[PDB]
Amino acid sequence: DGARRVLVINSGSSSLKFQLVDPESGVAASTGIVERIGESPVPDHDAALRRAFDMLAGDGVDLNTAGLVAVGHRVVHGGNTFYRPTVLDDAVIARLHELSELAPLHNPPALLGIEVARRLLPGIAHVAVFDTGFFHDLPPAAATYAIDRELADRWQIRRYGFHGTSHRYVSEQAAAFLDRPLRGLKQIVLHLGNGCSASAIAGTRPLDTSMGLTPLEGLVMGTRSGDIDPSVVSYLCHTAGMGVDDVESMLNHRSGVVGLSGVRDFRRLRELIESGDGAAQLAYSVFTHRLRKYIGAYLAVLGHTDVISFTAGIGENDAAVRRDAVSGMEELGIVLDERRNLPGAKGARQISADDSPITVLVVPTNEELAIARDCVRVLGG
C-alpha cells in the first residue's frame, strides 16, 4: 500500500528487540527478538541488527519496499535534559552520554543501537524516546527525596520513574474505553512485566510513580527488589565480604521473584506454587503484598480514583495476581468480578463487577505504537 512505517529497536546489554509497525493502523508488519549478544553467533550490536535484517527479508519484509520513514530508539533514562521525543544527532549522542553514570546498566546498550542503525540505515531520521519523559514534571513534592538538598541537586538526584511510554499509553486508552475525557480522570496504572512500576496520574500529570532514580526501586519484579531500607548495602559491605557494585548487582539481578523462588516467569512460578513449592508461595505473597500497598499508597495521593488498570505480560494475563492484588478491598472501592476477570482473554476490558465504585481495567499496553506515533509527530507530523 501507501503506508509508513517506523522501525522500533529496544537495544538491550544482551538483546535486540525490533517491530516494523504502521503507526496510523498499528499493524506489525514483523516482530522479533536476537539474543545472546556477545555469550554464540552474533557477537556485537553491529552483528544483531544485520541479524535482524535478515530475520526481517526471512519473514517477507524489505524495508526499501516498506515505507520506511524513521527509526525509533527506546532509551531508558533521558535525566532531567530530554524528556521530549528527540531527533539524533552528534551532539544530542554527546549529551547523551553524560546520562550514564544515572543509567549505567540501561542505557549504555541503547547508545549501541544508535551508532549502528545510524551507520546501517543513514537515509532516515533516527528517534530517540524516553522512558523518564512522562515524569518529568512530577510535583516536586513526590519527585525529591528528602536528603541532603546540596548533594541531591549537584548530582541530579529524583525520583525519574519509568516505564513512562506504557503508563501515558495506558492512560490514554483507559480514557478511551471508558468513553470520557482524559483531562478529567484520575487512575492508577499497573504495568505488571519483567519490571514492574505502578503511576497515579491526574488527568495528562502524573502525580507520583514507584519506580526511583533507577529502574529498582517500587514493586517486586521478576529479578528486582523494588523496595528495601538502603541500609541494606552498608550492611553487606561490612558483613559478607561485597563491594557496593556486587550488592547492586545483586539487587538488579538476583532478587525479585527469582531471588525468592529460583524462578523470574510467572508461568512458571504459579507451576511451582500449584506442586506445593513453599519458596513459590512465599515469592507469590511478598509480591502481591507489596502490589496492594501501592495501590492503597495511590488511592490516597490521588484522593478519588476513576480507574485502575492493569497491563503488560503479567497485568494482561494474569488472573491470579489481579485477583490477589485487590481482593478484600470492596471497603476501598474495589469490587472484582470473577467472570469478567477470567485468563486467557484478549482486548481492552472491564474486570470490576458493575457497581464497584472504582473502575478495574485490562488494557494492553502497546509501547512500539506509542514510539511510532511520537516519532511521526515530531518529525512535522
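Positions refer to the first chain, counted from 1. Just so we're on the same page, rigid core means the largest C-alpha set that superposes within 1.5 Å between forms. First, how it differs from the form deposited in another entry.
- Only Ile273, out of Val76, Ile295, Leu219, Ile273, shows a C-alpha shift of 2 Å or more between these two forms on alignment of the rigid core.
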Given for the second form:
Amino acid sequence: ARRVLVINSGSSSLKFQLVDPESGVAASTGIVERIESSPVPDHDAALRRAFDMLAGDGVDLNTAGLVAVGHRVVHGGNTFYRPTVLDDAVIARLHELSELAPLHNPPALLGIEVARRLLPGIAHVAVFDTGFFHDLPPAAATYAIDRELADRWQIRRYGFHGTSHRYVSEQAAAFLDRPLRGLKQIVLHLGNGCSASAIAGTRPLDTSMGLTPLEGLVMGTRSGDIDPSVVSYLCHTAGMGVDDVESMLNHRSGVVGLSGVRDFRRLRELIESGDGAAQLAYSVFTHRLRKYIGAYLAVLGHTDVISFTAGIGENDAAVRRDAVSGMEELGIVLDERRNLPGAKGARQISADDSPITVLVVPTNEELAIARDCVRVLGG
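Requested next: the structure of the form deposited in another entry (the form deposited in one PDB entry having been shown above).
One chain, no partners, no other molecules: that is all that follows.
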C-alpha cells in the first residue's frame, strides 16, 4: 500500500495531509499555526512539528509506504502548468514568478527547500493552481489593452482554483454516468475565496479570477469586480498610495468591508435581528453570482449540468436557492425537498423535470494532487 504527503506552505501557517491515492483514505491531517512569542519561529521548526504530530497518531514515514512529496504553488505564470518533478535548476527558475504573487509564492519555495533537506530519498513534485486554465481560448485569455505592453510583461487572465474545477467536473460526469468528453457544464467553488468556471469536455472556456485572485465574485475579504479607476480617484482625493489601495481591496473588502463580519454563518442571524448592513452585504454577494451564472449559460449555448462545491457551496441551502431562483424560463428548476440542509455526498438538488441538472459535488484537492504525483513519476 502506497502514500503521498501533500504540503501547503503559507506565510504564517502550514497544512499537511498523508493520503493513499487508490482508496482515498487520509491517514493523518493537520495544521501548524502562527509562524511573535511563538513556539514556531521559522519554517524549519514548522516541518519538524508536523513530524512530531504524525508520530503522535501512530505514523512512521519509514513504515508508511511513502512514494512522493507534493507541494502546492499558487501561480505558475505562463511557463509552469503541468505537474513538475523538482531539482536545483527548476527551483532557481521558480523564483522569477514572485513578481506575480508576492504574498503567496515565496513561502511555498521556503517549504520546498526544507522538505528536500529533511527527506532527500524521496521524489518531490510541484503542482500549480493556475495550471488547468493554461489552454483558455485566446478570445477569453486576452485582455483588451496595448498588445506590446501586454506581451512584454506577460499580462493575461490566468485563473485559479484549477485543481478544484477539474476534479469536480470529472466527478459530476461519474455521478451522471456519462462520458466527460460529451458534456458542457458550470462549476461554482464557494469558500473563503470564490470563483466560477465554464467547461466543454476536458477544456475550460472561461473563469472568474484574472491576472491575480482578486477579480470576479464577491468574497470574504476581497472586492471582486470593480472599475480600475478607483485607484487613481483615491490617490487624487484621499491622498492614498497605490500599495494602500491594493491592500484595502484584498483584506478590508467583500463581506467584511460591507458588514464587519467574515464568518458567513453569523450573517443569517444578524439579518433576522434586523441589521441593515448585513442584509446589504448578502444581497450584493447574491447579485454578482447570479450574473456569472447567466453569462456562462450564454458562453456555452447548451448546458447539461451546474454544480456547487467547497465550504459554503456544499452546505448552505439558502445560498444555492437565492443563486438560481426565478430562472425557470432559462431552464433551471430547483426541488425544495432535495435542497434540504444536512445532507451528505454527491447528490441531485433540481426537480426531475428541470431541463438543466443541478448538483452538490464535494471537492478533494489533496486527493487530486496525490493522483497527479503518481502519474508523473511513471504510473
